[PDB]
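Here we start with a single chain on its own, the form deposited in one PDB entry, put down as structure tokens.
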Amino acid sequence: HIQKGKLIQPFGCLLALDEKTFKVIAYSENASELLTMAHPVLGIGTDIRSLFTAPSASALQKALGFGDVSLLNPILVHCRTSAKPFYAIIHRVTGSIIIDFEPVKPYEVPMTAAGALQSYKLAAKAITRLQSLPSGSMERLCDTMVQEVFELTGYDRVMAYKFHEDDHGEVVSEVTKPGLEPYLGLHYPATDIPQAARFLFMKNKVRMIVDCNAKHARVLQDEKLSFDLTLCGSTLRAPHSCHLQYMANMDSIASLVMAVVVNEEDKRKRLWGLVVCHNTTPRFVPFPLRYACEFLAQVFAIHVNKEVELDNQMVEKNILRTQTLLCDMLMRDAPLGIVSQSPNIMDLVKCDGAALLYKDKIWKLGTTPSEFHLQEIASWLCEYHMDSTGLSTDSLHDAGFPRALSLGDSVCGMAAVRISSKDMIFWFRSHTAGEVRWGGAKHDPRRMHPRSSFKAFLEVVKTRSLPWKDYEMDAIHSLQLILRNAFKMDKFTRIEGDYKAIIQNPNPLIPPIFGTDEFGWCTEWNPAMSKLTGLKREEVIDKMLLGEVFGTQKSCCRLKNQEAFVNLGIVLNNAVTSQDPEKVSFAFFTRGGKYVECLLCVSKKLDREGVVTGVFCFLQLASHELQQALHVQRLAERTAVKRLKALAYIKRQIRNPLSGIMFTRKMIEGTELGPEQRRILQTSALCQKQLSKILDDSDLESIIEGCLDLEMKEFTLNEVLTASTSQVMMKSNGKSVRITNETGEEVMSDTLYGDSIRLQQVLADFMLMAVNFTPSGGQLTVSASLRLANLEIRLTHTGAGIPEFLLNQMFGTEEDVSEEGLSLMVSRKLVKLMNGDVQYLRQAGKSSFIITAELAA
């Protein structure tokens, strides 16, 4: 049924011919009407040449003679009768060649695309905008991809549908033109899409259905041999009745499904998901557009695959940071030092609280329960856990604890380790919320018919909190080893999904470490270094590290050349002089002849009284890609050291006279006067505070990304409107343009809660260019209305209006952005942060700005 089925959609015709005789043997029922109806009859034994013109016949013959027909697929042919062009898509199967003919609509791309490259040309804008995006954001990539698919196809309600590890699908993004229901975040069972279709989407990467209720046309074979004739590869295949019923229940009758195949992991291609478009009315799309979409999907898959590895780099970067911090704590003494100094045990692993139980004393910091609660915790640990030195229970409620209920919500995520019989360490986490809105019946790992489970659902969780990862437990184990060694097996459990007795042994995380005397003799050579190099601590000790241990000839470890020797000496001397570790590239040859290339971090050793008593160094074995990225960043950043200095200088030289006007205004406000210039003083102080808070902002990218912090406080609309109008009265009077305020007294005197400074900035800039783009003698009317408080702001200014290129700039659809356009985008992003939008309206002689803001009243 999904595989074969002598039924095809009726918007095209099909013809299956033999490999050698080039004679028709399978023909669709509607082929005669579509092709030869103004003559040979389309019956078994008819040729393909008779019913087509000489150039069309020659082109078809050449295409059939071609080896890889997948390149020149859209072969625009002409009927033997008057015109009637047809696209002539071609597929090959074992023993047969199937040609699908589709009518060519003259009003849309006639002869524009007749090959793979011309078809691919139709997605250039989408491809270049996908490429132009910055890296590091998967959700941004998905949103852009679905938005471009929606714009290019002309459908509605396009959606990205991602497959999880259990094959249950989840909607990730969506874009719809009207105000229909948003399908976003809903989860669907893994049985919605059968394994047959999922495997069939490995090939036939684009599937199209035009009408649900269209009467399918039968395809009749020949009664002679070669009964095998499969229609899986054809673009005219009748969808299965079950999916037909499902789509009918889903108030859609058209569909265009494109598979996303990520070619990563060790072929081994995996179906990441689908880009599904659903239409409530019949829709047809020319083949070049559907071939341009099978190319955009490949580009999207490439970008997703390349984002996965950028995500992967962060884990190893965090591991390197943890190793550095572990060495830092190794350089200290006593259990008091891990918590006393700045980088504490709260920084070893992400958490919300830390506790140390040392000799019947508690050192706690962060979100921790009461001391007696920890005492009962330790009593239960020493009463029921003797076989393990630790554990990681994500939910203390799930594990056995009589008093877990009364502990609270900010607890029950634990990681505990016993340094000794009594003295132990605890890491505590709070609760993390999480819920799902399953779109139907949960799969809970056919002739089933439709079920109409496209309604709603809700599932919640509890204080189970975030899971504890593996390298985190490795870090805690390494800290335990360090503390135990400093004082003078290691099996502990894990309780994740209430399954008891999950015993696992982790591995230490200590990096290779070596250390030299002040003269140069080698003193410290830890087992990790012995494993990495192959040497033994006994045979490398009381020797010169520069020249004997590391040397170009007759040395245990061989440096490549003399430049490495010079650089090693330079970094040793600099580290004895300079402060804090310096990372340098370091490469050598092992005893067995294997090249090793890592990073070296060196730092001075210290005694109890001042003097430097040697050098302590360790190696970071970063991966090759991280090393290249760090090297490129280091090389490139050497040319950019002046920009921050200039920025700081400008900030200082603006802050000084800003304080000067602060001080003069302090005098002016100090002396008592009448009301009007006191009001002017208040407005000037408000504008000057706006200037000051604009100054302290550091980076623009925070505003662009829409993550800027908001200061919430009281204000009134009258003062903000007056300040904004005052900021541009001078420019309004420069062009003699009158500005009027039609806001009512009730709205004007309203008291609201929000960020008045940003609102004043936005309104002042809008009024500013409204004055700019209003011809002299014109009028600009600003009105405000209040309706959770919704502030509606109308700016109606006379004149022709702002040119449309600036409009496409402010909407963010144009990459070429001017400084004015910079002001526009910043303003629009801030308005979006304020739960609103900025709109532009053009009428005869009047251009009007719509501003919508959300404020608390």
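Residue numbers count along the first chain shown, from 1. Think of the rigid core as the biggest set of C-alphas that the two forms share within 1.5 Å after superposition. First, how it differs from the form deposited in another entry.
For the listed set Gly660, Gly136, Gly400, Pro343, the sole C-alpha moving 2 Å or more between the two forms on a rigid core superposition is that of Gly660.
After superposition on the rigid core, the Cα of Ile851 moves by 2 Å or more between the two forms. With the core superposed, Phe514 shows a C-alpha displacement below 2 Å between the two forms. Taking 2 Å as the criterion, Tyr246 does not count as shifted between the two forms: its C-alpha moves by less than this amount when the rigid core is aligned.
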Second form
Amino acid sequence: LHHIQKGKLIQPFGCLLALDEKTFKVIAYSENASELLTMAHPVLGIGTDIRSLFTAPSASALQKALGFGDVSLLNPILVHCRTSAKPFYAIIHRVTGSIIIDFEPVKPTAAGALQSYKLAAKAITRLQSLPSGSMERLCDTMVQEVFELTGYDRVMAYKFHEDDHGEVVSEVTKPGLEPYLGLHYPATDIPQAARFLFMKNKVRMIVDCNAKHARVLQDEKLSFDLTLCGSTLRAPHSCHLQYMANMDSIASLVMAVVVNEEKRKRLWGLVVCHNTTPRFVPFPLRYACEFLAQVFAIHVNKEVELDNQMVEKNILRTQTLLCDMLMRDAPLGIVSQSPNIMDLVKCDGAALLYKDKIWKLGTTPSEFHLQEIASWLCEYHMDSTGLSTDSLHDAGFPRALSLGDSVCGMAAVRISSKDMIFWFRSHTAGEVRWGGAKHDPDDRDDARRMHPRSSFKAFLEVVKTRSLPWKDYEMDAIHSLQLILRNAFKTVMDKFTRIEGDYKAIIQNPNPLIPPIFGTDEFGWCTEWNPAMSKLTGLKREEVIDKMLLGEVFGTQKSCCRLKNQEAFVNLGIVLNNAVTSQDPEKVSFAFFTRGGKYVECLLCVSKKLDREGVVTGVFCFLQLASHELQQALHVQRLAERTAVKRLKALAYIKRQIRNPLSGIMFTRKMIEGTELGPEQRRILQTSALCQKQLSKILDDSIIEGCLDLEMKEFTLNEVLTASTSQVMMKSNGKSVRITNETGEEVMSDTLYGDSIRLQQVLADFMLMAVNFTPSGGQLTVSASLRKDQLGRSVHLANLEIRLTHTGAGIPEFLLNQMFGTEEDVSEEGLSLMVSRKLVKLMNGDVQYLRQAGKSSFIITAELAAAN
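Please supply the corresponding structure for the form deposited in another entry (the preceding block corresponds to the form deposited in one PDB entry).
No partners, no molecules, just the chain.
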């Protein structure tokens, strides 16, 4: 499919013009150029002057752009015609021996690259604020932003695989369309020529797949072949036109995601948008989409760094567990205590075969099922002590299906010639919709076929009842444990029989995970020096035995491994003395110099070498090597955790210092209760009582997210209604807001059910902001009318209905949209608004104000229970 370079067809929505390098004269054109640019008068032929089509300012601007160095920073370029002054978006690019210009009519906002970039600022800010560490959420966010920006029928992210076949990862459509999620596609749908072109043309748009194209009447006298690959007006393949017609998608717009893997540009995938009717999008929007795709790529680059850091942390955890297991008594200690061999490698069962005695943990086959497989391993693979398989049926076990489907994956190791230790992994499930690549290896770029595909279905692919594979480090760890156990109890090869290879001959992987280790006695003399530590330092063990660890071996001068300075010496002494009284593996930064010159930086962990008698015998230290990024991440995480835990003291002090005076307040109120007064004073005391009750209940605190346990108590509306006005009217009194006693007297004549604090929580806060924009001499209007509905068996319906005034300038739109939860940076003053809204709506109520003429009215309605 190479004729893309040699094709004289363009889409019929813009004109294409070609100019030489120096004379700036027309050498090629399109059939619609004369109908569009000129009409709406010399005939547009070869060599016609550019100034005869556009006005003087437009021609001058185009000339200045043509003389510029990097033309990609200037387009789009607004121009006008001669007579009608019809505007156009000139898009200029340069090819070997020519300059090609595209013209598209305007108005079917930007004039450069930066102005065009400005249209994606909201989406970029949305992308930057995302919490880091999850690729799926990032893909969903980006696809949603693209859908909102472009206004297409559907948009989807389409990721490529190693096989070169692809799968959609996210999707956002309009209601009434068939979901495309989770469907794989053959690798031959997108030929390698297309995805090779997409490294340089990162945005492609097709307006109509059923339109009538226009040919490029190139001049015959020119000796140059005008390729059209870099232009925005290319007409696609007939094969692709039929492909798009089959899917019932007419117009399309697609963007590439090129990720710099180390550089190494790799096409991660595509962001493809479809619409069922012809659609045209102006050039600045396409440029903004391209910039957004660049930002998305530089974020998916960070996601893989996070993944690598997580894997490296897992390796470090395995090393720490191995160092733990080194000390305990072998071999039963690996299984009796915790953490045991199950935590060594991610598995589902484990078994030990020591001295014809079987120790089992987790989901393991029946004890009668272990000796025969052990004997089969012994007699079939005598030339190895380790084996791995993701399916026991493939490896040749005759009785694989007789043990059930609970366990299918094996990892076995021979510590001795008779005894064994092996892990079990449960068989996994899961199938893929559509064939991945439909299993057609080797390319088929023949450019002879017309379209060997049509329609679409589910096309499920079956599985082989397999388990997850065993990684490299998950076998290094098992080899390390084998070495430890073999040494403590008193070349070879490890099989790797995976599916579709049926056999492999990997060596034992003599790269054990055992870290550098040393250790001293209680006086300070060296006692241990590992082979790994000897490799790291270049110092033989015999050089550093019966030598003082502090000063002689590690020191600032005359020492074998010279330390940085005296602060390092002091810190090493402090750590070695602190570790005597603590067993926690205190990870401390440790940096030294090798025998030659190499600044080695690691983390050091020190523990006591306790003996059987219970008396310290020395220190056991091991040294784990981590890269700069993980060390910085650990430092930042430690600081963040300390800062987070610091505020707890302040919070507790605040709560106690608010609790004590309120307790004194109930003290003085209950003690003044003895001096009784008239009935009006009794109701005033009741109002103060539930006011302080609400105070304490606010200090008595998932309720931040709106979830409520719905605590229920029996109370009647009089005190709640009085306290709602009492808690707010001091604020309005400064603003000269009067009270009208408009509430009816029939609301209070009926008994009510519901708590006092819960009911009053979602009432008073509404009008608190009212004084903010209310001028002097305002008015307050409150009307209530309880609705008695006899719905239910034991609980009636006291449907609330309250109309509250809304005077002054009131809450503006950018403060009203905060109520519905449509904003991120919600002001702290407004939090109680949506808090009360969520509290009301948890009981299927409503609290809402609508803009009216003169003054608005807040409507409050709740399905509050009735105590009738």
